[PDB]
Amino acid sequence: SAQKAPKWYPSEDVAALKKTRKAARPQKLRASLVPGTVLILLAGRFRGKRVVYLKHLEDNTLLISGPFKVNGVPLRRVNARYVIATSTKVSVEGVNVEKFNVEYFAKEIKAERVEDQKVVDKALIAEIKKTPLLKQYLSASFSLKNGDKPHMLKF
Amino acid sequence: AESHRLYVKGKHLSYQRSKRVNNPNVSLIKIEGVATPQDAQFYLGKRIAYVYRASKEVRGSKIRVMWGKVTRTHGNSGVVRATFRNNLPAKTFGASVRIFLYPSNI
Amino acid sequence: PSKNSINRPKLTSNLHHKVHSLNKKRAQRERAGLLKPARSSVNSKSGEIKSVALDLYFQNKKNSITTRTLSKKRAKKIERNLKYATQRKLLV
Amino acid sequence: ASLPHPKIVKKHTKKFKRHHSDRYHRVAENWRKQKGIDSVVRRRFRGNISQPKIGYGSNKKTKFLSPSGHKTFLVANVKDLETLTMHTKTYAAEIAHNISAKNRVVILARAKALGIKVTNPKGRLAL
Amino acid sequence: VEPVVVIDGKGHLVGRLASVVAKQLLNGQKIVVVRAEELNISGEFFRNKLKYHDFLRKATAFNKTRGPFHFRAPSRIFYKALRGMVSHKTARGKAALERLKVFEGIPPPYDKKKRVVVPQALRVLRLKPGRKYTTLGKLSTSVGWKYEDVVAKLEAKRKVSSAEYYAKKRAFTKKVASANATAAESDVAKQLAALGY
Amino acid sequence: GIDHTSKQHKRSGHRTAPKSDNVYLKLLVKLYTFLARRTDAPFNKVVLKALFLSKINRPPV
RNA sequence: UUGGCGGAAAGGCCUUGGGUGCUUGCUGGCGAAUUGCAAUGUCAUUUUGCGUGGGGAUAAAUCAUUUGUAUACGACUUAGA
RNA sequence: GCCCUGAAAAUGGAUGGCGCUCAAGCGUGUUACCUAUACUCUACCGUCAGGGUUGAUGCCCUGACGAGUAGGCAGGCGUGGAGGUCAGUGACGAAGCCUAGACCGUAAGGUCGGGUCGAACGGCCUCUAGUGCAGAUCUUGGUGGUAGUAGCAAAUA
RNA sequence: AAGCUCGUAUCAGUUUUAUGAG
RNA sequence: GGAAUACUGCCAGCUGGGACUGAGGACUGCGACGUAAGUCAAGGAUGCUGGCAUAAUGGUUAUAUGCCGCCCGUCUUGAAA
RNA sequence: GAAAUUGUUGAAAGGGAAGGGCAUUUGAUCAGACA
Ligand SMILES: [Mg+2]
Ligand SMILES: [Mg+2]
Ligand SMILES: [Mg+2]
Ligand SMILES: [Mg+2]
Ligand SMILES: [Mg+2]
Ligand SMILES: [Mg+2]
Ligand SMILES: [Mg+2]
Ligand SMILES: [Mg+2]
Ligand SMILES: [Mg+2]
Ligand SMILES: [Mg+2]
Ligand SMILES: [Mg+2]
Ligand SMILES: [Mg+2]
Ligand SMILES: [Mg+2]
Ligand SMILES: [Mg+2]
Ligand SMILES: [Mg+2]
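If you read the protein sequences in the order shown, they are chains A, B, C, D, E and F. Residues 2 to 109, 130 to 176 in the UniProt record's numbering are what the first sequence spells out, letter by letter. The second sequence begins at 2 in the UniProt record's numbering and counts up one residue at a time. Residues 2 to 64, 83 to 111 in the UniProt record's numbering are what the third sequence spells out, letter by letter. The fourth sequence begins at 2 in the UniProt record's numbering and counts up one residue at a time. The fifth sequence begins at 3 in the UniProt record's numbering and counts up one residue at a time. The sixth sequence begins at 2 in the UniProt record's numbering and counts up one residue at a time.
One or more hints might be untrue.
Here are the simulated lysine to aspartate or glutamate pairs, DMTMM-like style, with alpha carbons at most 25 Å apart [what the hints assert, rightly or not]: (1) A:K8 <-> D:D81; (2) B:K10 <-> E:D189; (3) D:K64 <-> A:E13; (4) A:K166 <-> E:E4; (5) B:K12 <-> A:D169; (6) B:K10 <-> E:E4; (7) E:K116 <-> B:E33; (8) A:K8 <-> F:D41; (9) C:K4 <-> E:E100; (10) D:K72 <-> A:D14; (11) C:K19 <-> E:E100; (12) A:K56 <-> A:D137; (13) C:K46 <-> B:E58; (14) C:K108 <-> C:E98; (15) C:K62 <-> C:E98; (16) D:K118 <-> A:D14; (17) A:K156 <-> E:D189; (18) B:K70 <-> A:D137; (19) B:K92 <-> E:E4; (20) C:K11 <-> E:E100; (21) C:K46 <-> D:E95; (22) E:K159 <-> E:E100; (23) E:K32 <-> A:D169; (24) B:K12 <-> E:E4; (25) D:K72 <-> A:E13; (26) A:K175 <-> B:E3; (27) D:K123 <-> D:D81; (28) A:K8 <-> D:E95.
None of these hints come from the bench; they were simulated from the model.
Could you put together the complete structure from these sequences and hints?
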């Protein structure tokens with residue numbers, strides 16, 4: 002015997018957790034996040050690009066589109082904390098986004134993405150064409166210049 | 002365009018300290034364009050990155066990052082306090098850091 | 002800076018040269034292969050027995084100036100223990 | 002595959018070294034209390050070494066636990082090994098330093114059959 | 003926000019300029035100081051000369067070559083005033099000091115660069131009118147600096163060249179302003195005025 | 002800091018446990034500890050207290 | 001590629017003539033996606049390394065010997081195809 | 001009230017230094033700001049106290065405390081030898097020694113890997129003592145710097 | 001440190017009231 | 001004569017931003033919204049998602065940087081002195 | 001076949017001592033956990 006056996010042994014019956022009193026409640030977005038708003042992307046592959054916010058998804062994400070014909074950003078999800086909501090707004094009542102959801106964006130090109138992109142971008146472009154220089158504004162990328170102060174800049 | 006910058010520039014001033022002892026767990030950061038605590042309140046909670054270069058490649062890059070965040074203001078002149086996951090080396094007193102715009106309240 | 006030439010940087014230039022020299026020396030050692038490989042490499046010894054005597058014995062079986088030598092006594096003991104392990108492997 | 006435990010916290014990971022054990026070869030690093038009446042270390046002046054005390058004591062629910070979450074139990078043979086046949090999730094067996102390779106083979110085989118984790122399964126068994 | 007800040011030292015008070023520059027160097031800003039011979043010290047010339055002569059008294063008795071070194075040039079006087087405010091025996095202090103260059107006059111290439119001022123160190127903004135002050139070039143010449151005339155001649159030549167450059171620049175600016183002022187009635191100009199530009 | 006009015010970490014005392022190694026005496030102490038806790042009987046309290054005394058404090062009768 | 005200027009540490013400033021691109025001054029058409037909801041997500045001169053190659057030029061210093069205007073020893077000052 | 005004189009020696013030096021003149025000086029007022037092992041909240045260690053309880057000097061719940069020389073009390077770590085036990089370890093390698101490797105203890109220490117080594121040694125319950133070193137101008141033995149240094153120049157060669 | 005008792009028990013580097021001293 | 005405002009104070013008024021913490025581990029209790037079954041922020045954190053799956057986090061070791069740190073024992077009020 | 005002390009090799013530091021504490025960078029090196 003290289004070591005004496007202990008007199009007492011802890012039990013291996015793992016106890017269950019106590020009943021947690023933490024209910025899940027819907028997210029309250031910022032007052033500036035209204036569908037149809039132009040958003041600046043702050044991070045990711047499409048950082049510094051201006052897109053259009055379309056729909057709030059069940060996973061606390063925002064459905065956005067470029068539109069893909071204007072600046073090459075497809076129908077994607079974004080996190081609301083990584084965007085800047087500007088003041089520019091376009092109408093979205095002509096856009097049908099009742100199909101897209103988390104199950105749609107699950108990843109376990131399919132060309133159903135392409136078809137839905139064409140259908141959504143048609144109405145988005147129709148709404149965009151009414152405002153002058155809005156298409157050029159959405160195609161241009163955002164960046165900070167010398168001496169820009171984000172705590173003073175309006176959006 | 003000619004610029005792609007999505008961050009504000011800052012300088013790592015020093016550690017939190019008294020006259021004869023310092024606390025490396027807290028760093029003092031001076032953000033460009035900020036001169037008052039009222040203006041510094043905008044940047045609370047923003048991510049800070051210290052980006053530096055090393056000669057040996059690690060995971061496909063020669064560029065290494067130390068992450069942290071803004072926690073509170075400091076003084077009357079727009080200096081803030083920041084905490085990083087690993088404390089800054091203290092050879093970086095006077096070096097540049099990047100204050101990002103996320104998480105965003107705008 | 003030096004009191005004889007205050008406009009010329011001295012300490013920063015010395016540190017920059019030192020950093021550059023250390024980087025070049027490390028790169029030269031890596032290219033010479035004097036550094037341990039990655040942990041997931043096939044030739045990594047991570048989590049395994051590290052023994053100069055066993056490494057020398059197996060290098061001699063496979064077939083500059085070094086301080087790593089294998090004694091005849093240890094080599095004979097290695098051969099004997101390898102015969103024991105081979106007999107066990109044959110039995111199972 | 003151990004018992005669930007809180008995150009292990011060590012209050013003082015660094016070793017408590019004896020004063021001037023760096024200064025003199027004849028002074029070993031094993032901790033000794035300074036009994037001098039004028040000792041700056043004993044009087045606890047700023048800038049000196051820290052001394053062991055009960056405040057540094059570890060959490061009783063994480064005490065004696067290895068990083069894998071087990072308690073180490075030294076074993077010399079199969080009979081010592083089979084003491085842990087029911088306390089598998091809390092204890093891991095460690096073979097004693099003086100067990101021969103021929104017996105370590107048997108111990109490892111029996112431990113694998115019984116599902117008992119072995120702390121040092123590579124000892125003396127290089128191929 | 004400039005990578006290098008060039009400060010015209012004329013009309014500044016030495017102590018306050020030294021304080022602000024030392025803080026900038028510690029924060030990690032590269033600074034060049036020009037025209038150090040035109041710096042000012044508050045107080046009378048005899049007082050400042052007396053203070054420098056006390057400094058001259060200070061020396062190591064058993065070997066003068068080990069003692070305090072008394073550099074006579076105005077740039078070196080300013081450098082002493084700043085080294086007294088930088089913790090210069092540490093690596094951090096040495097690194098801060100190595101972000102600083104001080105010159106008498108404006109040598110190249112800084113003669114063709116923009117030069118700024120520090121309002122909190124300016125004499126006309128700080129000192130009460132009527133208080134006496136001292137010029138660093140005269141003080142340095144009285145304590146042994148021997149290059150005041152050479153610097154004056156070179157500065158005069160530089161001023162002539164800079165005046166010619168400014169005359170050409172002012173003519174071009176007048177031409178540009180004339181060409182811009184005639185387009186203030188266009189619809190583009192009206193839209194820019196509506197947007198504030 | 003605090004200005005303590007009384008001593009700190011003061012033991013109550015009162016002869017908690019017997020100093021003997023008699024296993025039968027320890028069994029009797031166990032039984033009367035149980036009785037004194039679960040009966041609220043002053044007799045059981047007195048007997049339990051007397052079982053802790055030393056030889057010079059338990060004179061014969 | 002034409003010419004002028006700049007010596008404070010000039011090493012930069014201005015200018016002539018074609019060439020070759022770009023131009024968001026204005027109007028259009030195609031492309032972007034999957035980096036999967038963020039992870040610096042790598043973007044800037046110089047390279048005493050090599051390979052290709054057209055050209056350019058073919059030295060000294062020290063030891064040893066030697067002098068004494070030099071010298072404790074080094075050092076110094078001379079001479080030798 | 002502030003300012004100047006209102007006495008001073010002897011290496012070169014001090015509002016701590018730089019320096020500061022509508023001050024960065026003096027008197028006062030109003031705010032903001034910096035930070036102690038102090039105060040407040042939380043976690044963890046230990047001690048003490050109060051309750052509960054048919055490995056019970058254990059377990060569970062709650063609360064408050066923690067400076068220390070001489071001195072007191074308590075719990076522990078380590079060593080030689082002895083009785084008992086593990087039908088303990090060991091020539092497939094005991095003890096010892098070395099170790100840029102691993103782990104557990106607040107600590108005294110304990111455990112594992114590798115190398116060297118070549119015959120004995122350990123865990124636990126107890127017994128016993130010539131049982132723990134940094135010092136004593138300590139004892140014995142061994143070894144440095146000084147240092148290739150001082151010097152090996154009386155007695156004619 | 002040990003016993004015995006008692007435990008709205010025993011009190012207190014404090015105040016108050018009455019009464020002295022200055 | 002009619003108001004407003006400043007100052008001081010109160011609300012068991014509403015609401016935005018930031019930081020540290022998540023101890024406990026079946027149920028029991030006190031409450032709230034509810035006719036109702038039930039629900040809840042009420043006797044201590046859960047839910048959703050991404051990347052990596054190894055030297056990446058982490059440890060050790062050699063050093064660098066910022067700040068702190070006088071040589072121990074003994075004996076003397078007291079010792080750098 | 002220990003230490004003091006020494007040689008060689010490799011790595012590192014060094015502008016009038018070195019050593020220690022807290023924290024992190026860099027170089028080197030390494031264990032666990034891998035269903
Ligand atoms: Mg002179
Ligand atoms: Mg306390
Ligand atoms: Mg002051
Ligand atoms: Mg005042
Ligand atoms: Mg052995
Ligand atoms: Mg003895
Ligand atoms: Mg000794
Ligand atoms: Mg002693
Ligand atoms: Mg001695
Ligand atoms: Mg000699
Ligand atoms: Mg003779
Ligand atoms: Mg690390
Ligand atoms: Mg100190
Ligand atoms: Mg021998
Ligand atoms: Mg040795």
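So, going through the hints one by one against the coordinates:
{"no.": "1", "hint": "A:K8 <-> D:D81", "in the structure": "holds (15 Å)"}
{"no.": "2", "hint": "B:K10 <-> E:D189", "in the structure": "violated (38 Å)"}
{"no.": "3", "hint": "D:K64 <-> A:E13", "in the structure": "holds (17 Å)"}
{"no.": "4", "hint": "A:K166 <-> E:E4", "in the structure": "holds (14 Å)"}
{"no.": "5", "hint": "B:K12 <-> A:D169", "in the structure": "holds (17 Å)"}
{"no.": "6", "hint": "B:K10 <-> E:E4", "in the structure": "holds (13 Å)"}
{"no.": "7", "hint": "E:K116 <-> B:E33", "in the structure": "holds (21 Å)"}
{"no.": "8", "hint": "A:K8 <-> F:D41", "in the structure": "violated (34 Å)"}
{"no.": "9", "hint": "C:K4 <-> E:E100", "in the structure": "holds (12 Å)"}
{"no.": "10", "hint": "D:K72 <-> A:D14", "in the structure": "holds (17 Å)"}
{"no.": "11", "hint": "C:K19 <-> E:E100", "in the structure": "holds (17 Å)"}
{"no.": "12", "hint": "A:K56 <-> A:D137", "in the structure": "holds (15 Å)"}
{"no.": "13", "hint": "C:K46 <-> B:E58", "in the structure": "holds (22 Å)"}
{"no.": "14", "hint": "C:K108 <-> C:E98", "in the structure": "holds (15 Å)"}
{"no.": "15", "hint": "C:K62 <-> C:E98", "in the structure": "holds (11 Å)"}
{"no.": "16", "hint": "D:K118 <-> A:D14", "in the structure": "holds (19 Å)"}
{"no.": "17", "hint": "A:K156 <-> E:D189", "in the structure": "holds (22 Å)"}
{"no.": "18", "hint": "B:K70 <-> A:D137", "in the structure": "violated (40 Å)"}
{"no.": "19", "hint": "B:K92 <-> E:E4", "in the structure": "holds (23 Å)"}
{"no.": "20", "hint": "C:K11 <-> E:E100", "in the structure": "holds (8 Å)"}
{"no.": "21", "hint": "C:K46 <-> D:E95", "in the structure": "holds (22 Å)"}
{"no.": "22", "hint": "E:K159 <-> E:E100", "in the structure": "violated (30 Å)"}
{"no.": "23", "hint": "E:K32 <-> A:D169", "in the structure": "holds (22 Å)"}
{"no.": "24", "hint": "B:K12 <-> E:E4", "in the structure": "holds (14 Å)"}
{"no.": "25", "hint": "D:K72 <-> A:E13", "in the structure": "holds (13 Å)"}
{"no.": "26", "hint": "A:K175 <-> B:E3", "in the structure": "holds (22 Å)"}
{"no.": "27", "hint": "D:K123 <-> D:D81", "in the structure": "holds (19 Å)"}
{"no.": "28", "hint": "A:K8 <-> D:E95", "in the structure": "holds (19 Å)"}
When held up to the earlier numbered hints, the structure conflicts with 2, 8, 18 and 22 and fits the remainder.
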